[PDB]
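Novice: Given next are the chains, with one letter for each unit.
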Amino acid sequence: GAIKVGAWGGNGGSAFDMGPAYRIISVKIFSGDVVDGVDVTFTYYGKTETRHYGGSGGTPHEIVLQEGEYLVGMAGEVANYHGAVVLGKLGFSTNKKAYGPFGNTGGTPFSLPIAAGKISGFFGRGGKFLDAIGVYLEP
Amino acid sequence: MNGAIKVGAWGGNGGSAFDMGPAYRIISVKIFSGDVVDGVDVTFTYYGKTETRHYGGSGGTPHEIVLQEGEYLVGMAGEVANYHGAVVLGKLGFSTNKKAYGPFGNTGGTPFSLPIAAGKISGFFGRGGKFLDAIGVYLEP
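Top line first, the protein sequences correspond to chains R and X.
Heads up: the first sequence begins at 2 in this note's numbering, then just goes up one per residue.
Heads up: the second sequence begins at 171 in this note's numbering, then just goes up one per residue.
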């Protein structure tokens, strides 16, 4: 079925929904003070797609999933950046290594360790920056 | 855990690991608290028979969430805090697709939240000792 957990962040920008993926290939987090946006390249029913969520600013940090490597955790911090509630920090963990968090603006933290299962996709809200972010979870 | 989704394990590494396993239907959750979350008792239905598990510690005041039919646990938030030398849950709450409960506890710490946009909590797991060190959940559509 569909298990969507989260949507950590403010209510601004526009809602986005990547839907689940067959396999996530890489994730790119662009960040400056806060988290500007995220890119996701994944395979979907034979095809290879790429989605771009969030604004266009920031510097790239890419997570490329090797063989048999999945996303088993996501954490960061929601913040009020110059007036807007947006992810000020974000990071992910694979069953092999941890990443980030990326962004230099703290706020109220969140964390999602996944004991069993994996992240198969994203959803949330974006605009000039990455306002909020959630994930799809699968066995 | 044949296709189980276990998220979390929020809290500290002390105490003993506990695992309710998934339930066919959670009937009620009772959170016992004081300065922190002492323990949690779960009454559920599994493979036909009703069961009740006791997690965490024995102290604290009872706070019960009774799920009427059609009502489900769709969220869990609280706080992880050091309490006189031990990292445990100082606060813990739950939301249902009808009403929100708690948080229960009075010690503040690093917060956490699990709003469930789609799906529900079906079980629990974590670590227990004198109090509730860590708590996590099983999810399902």
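Certain hints may be false.
[Stated by the list, open to error] No more than 20 Å apart at the CA atoms, straight line, and that leaves these computed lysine to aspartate or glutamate pairs for EDC-like:
id: 1; chain 1: R; residue 1: 29; chain 2: R; residue 2: 70
id: 2; chain 1: X; residue 1: 269; chain 2: X; residue 2: 221
id: 3; chain 1: R; residue 1: 119; chain 2: X; residue 2: 310
id: 4; chain 1: X; residue 1: 269; chain 2: X; residue 2: 239
id: 5; chain 1: R; residue 1: 98; chain 2: R; residue 2: 70
id: 6; chain 1: X; residue 1: 290; chain 2: R; residue 2: 70
These are computed hints drawn from the structure, not numbers from a lab.
Novice: Could you run down the list of hints and mark each one as holding or not?
Specialist: Hints and how they fare:
no., hint, result
1, R/29 - R/70, "holds, 16 Å"
2, X/269 - X/221, "violated, 25 Å"
3, R/119 - X/310, "holds, 13 Å"
4, X/269 - X/239, "holds, 14 Å"
5, R/98 - R/70, "holds, 9 Å"
6, X/290 - R/70, "violated, 26 Å"
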